[PDB]
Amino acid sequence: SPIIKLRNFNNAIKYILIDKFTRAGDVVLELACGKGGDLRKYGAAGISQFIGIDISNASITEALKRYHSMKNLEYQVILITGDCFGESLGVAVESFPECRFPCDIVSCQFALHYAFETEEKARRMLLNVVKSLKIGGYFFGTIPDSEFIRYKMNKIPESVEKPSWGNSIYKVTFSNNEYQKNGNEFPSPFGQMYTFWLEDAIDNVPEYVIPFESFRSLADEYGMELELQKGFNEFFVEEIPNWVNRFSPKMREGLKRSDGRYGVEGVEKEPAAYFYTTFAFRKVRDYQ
């Protein structure tokens, strides 16, 4: 089962990415925060307030349960059940006036691509982000890498009805081959759907491509400029020397490969390190 090693790798990526842009005293808004599993990472950066929002009440209930189990934190934690992509964020936070907006950081891990189901949702997400963020603040996170996806798709001929690739532990299957029928181009940046099988994975939902060039050009339209687009492989290799020994002994041990180097290995390398990319934008102007 690859789940344990992949979870450790993603936790290392998130730890490094959070530290890269988050500063002590910051207010953080985390979109689609899930079960709130990055609280100690933001605590390590010394934040002052965490606001986490997820559409799943079950996941927010678990985040509440995990948070209340911790003791004497120096930062406030706010956890909200709400829709970050298909509705104005004002609806979600209306009943939470303790939120300190505008915030310093908007983060979103393994979830922003769901906002690309439609153009309306992608734009609502982006307007949500820039309305919450201070000028100068950062928007960062982790998403499936549309450029690796297009590489794999360009190797698949039009004769394949449901373009697919993978290895012993994962498989991507697209709903249709309109990409290939359209001369190896998505007919629309939005609504390009696939499923993702991972061995021993605990969830399965419709996935959507987030074409990075469309992401970047919409973000610019809403006042944000690109700061970071490194794939997980390059991001980890570049950053790990400076971090190996800053990690806890347990985090370091969980990252060990069979050869004693750090990261993932074998069949885990492609789904864990090539399929995903980091992103970061800085809000440089107000949106008109």
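Think of the rigid core as the biggest set of C-alphas that the two forms share within 1.5 Å after superposition. Residue numbers count along the first chain shown, from 1. What changes on going to the form deposited in another entry:
- For the residues 160, 135, 205, 91, superposed on the rigid core between the two forms, a C-alpha shift of 2 angstroms or more shows up only at 205.
- Annotation for residue 221: C-alpha shift under 2 angstroms between the two forms, rigid core superposed.
- Residue 238: CA moves less than 2 Å between the two forms after rigid-core fitting.
- Here residue 258 counts as shifted, since its C-alpha moves by at least 2 Å between the two forms after the core is aligned.
Previous: the form deposited in one PDB entry; requested now: the form deposited in another entry:
Just the single chain follows, nothing else.
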């Protein structure tokens, strides 16, 4: 189905992205790790320790259940219920002294935009990231692409009170049209809410825009400089040749279009390949 193909595609994106920035021996902190479904991707990249934190205890309980069913892992796994964005990370990790901080990588998949609820939370998130990382370490992940959101929003006239677009498997509905009323510009980088539906994945959840220019500028204030901002489509096109013969021959089959080549097509193309972007930054200096 379209949604199965979207999930396979996103998993391939994550496999490639994790391998790109993770190397043998690394310690990874995964913010907003959810149910912890990427452990084997970090394992394949050779990590020595995984630390996952999520605000949802239900998700962490499930992440722990999944982890405990695994056998003979070469790396340590620490899973913590805690707020990664609105509170200092020291609160969450105080009772887990086995965590090896500073770490080599911080990752955050399909979640960092939650930190853009307010400026306070965006800055607390960035402080948590830089203080956790070694100088030279990387911060990477996957977020809704504000540049694609702005393209869609620029095609919606100001007369529409709740700007919306979508297709048979996904929908975006903005809470207000302040963007269009403000000359097609968000009045603030923070708290710009839209409801997001993705079939069998995201049940009409309020989400916040993460304007990339603001994210980049803020990151620079905390000593992090841009490494990557390719949209999912371009990232996949460029990386899949290194990657065809490495994937699970079933995941390989799951990445095949009708025309026989690798990617996504049909109703899944827009949410899978355009709506999301990769991101990465490198910590080049200490936040003083």
